[PDB]
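Attaching a single structure in structure tokens format; questions to follow.
Shown here is a partial selection of chains from the complex, left in place.
When the chains are written out, they are named A and B in that same order, and each has its own residue count from 1.
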Amino acid sequence: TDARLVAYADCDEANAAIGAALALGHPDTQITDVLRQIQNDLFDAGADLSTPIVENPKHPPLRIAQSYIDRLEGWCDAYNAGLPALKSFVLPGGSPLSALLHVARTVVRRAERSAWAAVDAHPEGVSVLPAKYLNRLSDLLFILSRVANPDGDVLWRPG
Amino acid sequence: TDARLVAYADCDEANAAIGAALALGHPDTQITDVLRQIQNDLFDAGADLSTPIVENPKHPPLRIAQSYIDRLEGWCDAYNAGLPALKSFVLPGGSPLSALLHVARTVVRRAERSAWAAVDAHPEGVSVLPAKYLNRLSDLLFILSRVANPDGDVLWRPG
């Protein structure tokens, strides 16, 4: 029940959600390779959160680095470039892939909350970069869900 | 990590679960329109929970009203009318649509718990109606999972 292990576990749950999007959503090769890299990153993020930060110069760190986040930000900008402006707010769903990426997005957001909770529990011994990674990942998953809805998104109505 | 934002986020997770039921479960037109309306409501419910109640007469409220709950109750009664009495307790699953509606039901129940937690954290500034909506929605999703299992539900055995 420790905050570190809750954050680690939520990262695993988010990773499984991405695995379901891959296995049931039939993404093309490019999107598959992006999501496969994210799964690799989420393993690293869970390892990071579960391992207290110590001044241990003896073993190679398994930690989220800023470069991981920079990569997600670049993919956000490159995939969002080819999308039109949102007319209304988006409801989660659409194509199978888009719906499954929305599920993953919401699990990632839950993992982000746990990762921040771990930082609050251990400001010195937990890195903020897993949480920042998860923050950017939820944006990327939103963008990819739109990419996977070629005929338009499901839109909220004030009605 | 605030209780309001946890409740908002769980509503989004429940909404994504409904989106997956729609996209992978192949519901007929009537059920689709019901679930699409619920997705619209869950957006409203998240907005409600995330917005503190203030005596602000200047902007149009985005709030769950009793009418939302009355509608879910009416759909419960109308869909349950055409179902036989339960012989045993139901296990979640069956047809793809029924299984996905059971997943959604369990996420909705989690969202309900968070929505009550937000009320407990802010009895004056959080509405009870999102939680009551989520309570009735879990009943409706149970009923719809049975509707989507024309050949019978999966039943628990004392054995």
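Everything that follows uses one rule, which is that a contact is a pair of C-beta atoms (placed from the backbone, for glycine too) under 8 Å apart; a residue touches a chain by one contact, two chains touch by 3 or more.
S.K.: If you could, jot down how many copies the complete complex is built from here, 2 of which are displayed.
M.R.: This structure file describes a complex of 3 copies of one sequence.
In the analysis below, only the chains that are shown with their structure count from here on.
S.K.: Between subunit A and subunit B, what's the gap in Å when you average each chain's C-alpha atoms?
M.R.: 25
S.K.: Residues of subunit A touching subunit B in their complex?
M.R.: Interface residues on subunit A, with respect to subunit B: 24, 89, 91-96, 98-100, 102-103, 105-107, 109-110, 113, 116-117, 120, 154, 156-157, 159.
S.K.: Which residues of subunit B touch subunit A in the complex?
M.R.: 1, 5-6, 9, 12-13, 15-20, 22-24, 36, 39-40, 43
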